[PDB]
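There is one chain below, alone, in structure tokens, taken in the form solved without the partner chain.
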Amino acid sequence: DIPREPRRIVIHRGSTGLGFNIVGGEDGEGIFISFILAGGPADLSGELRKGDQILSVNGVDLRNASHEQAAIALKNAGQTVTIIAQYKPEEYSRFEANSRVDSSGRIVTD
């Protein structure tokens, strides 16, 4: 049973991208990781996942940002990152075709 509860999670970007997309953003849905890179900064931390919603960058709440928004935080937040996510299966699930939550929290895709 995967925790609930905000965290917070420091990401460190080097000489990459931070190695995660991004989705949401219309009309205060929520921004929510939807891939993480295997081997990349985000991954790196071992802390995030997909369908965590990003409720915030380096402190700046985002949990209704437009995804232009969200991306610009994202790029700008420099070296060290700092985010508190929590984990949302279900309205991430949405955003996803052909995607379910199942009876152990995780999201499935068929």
The other form holds:
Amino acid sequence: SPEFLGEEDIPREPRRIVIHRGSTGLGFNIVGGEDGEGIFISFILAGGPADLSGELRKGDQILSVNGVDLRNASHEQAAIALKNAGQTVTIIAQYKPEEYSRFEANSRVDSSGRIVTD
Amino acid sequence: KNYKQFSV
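Rather than the form solved without the partner chain that you just supplied, could I have the structure of the form solved in complex with the partner chain?
Now the complete complex, all chains and molecules, led by this one.
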């Protein structure tokens, strides 16, 4: 009778995430930023501010930071925007695992929307 | 692909 989360669809609507990180790193990696292809989270550091928020995951597209639209950002300017966003960082994110999966070898999306790497 | 990856 357990109720497993792993079969519930991951929400695909945009979300607001507010991370308070003072003057430390946010604790995640981004990929993308080839010509408007999107900026995606590829890795969240265990114990970092992004992990502690509990509200971001690999495969999230970063739509904006502090009101600055990053949908069509280059990866380096995205990184600059994130690193210079200040102590309070307001991210709009949207889970886009299909688009993310193009970047990571042998990765695909299962029926709940989770990214699987074989 | 112009691929790059940054830590933030």
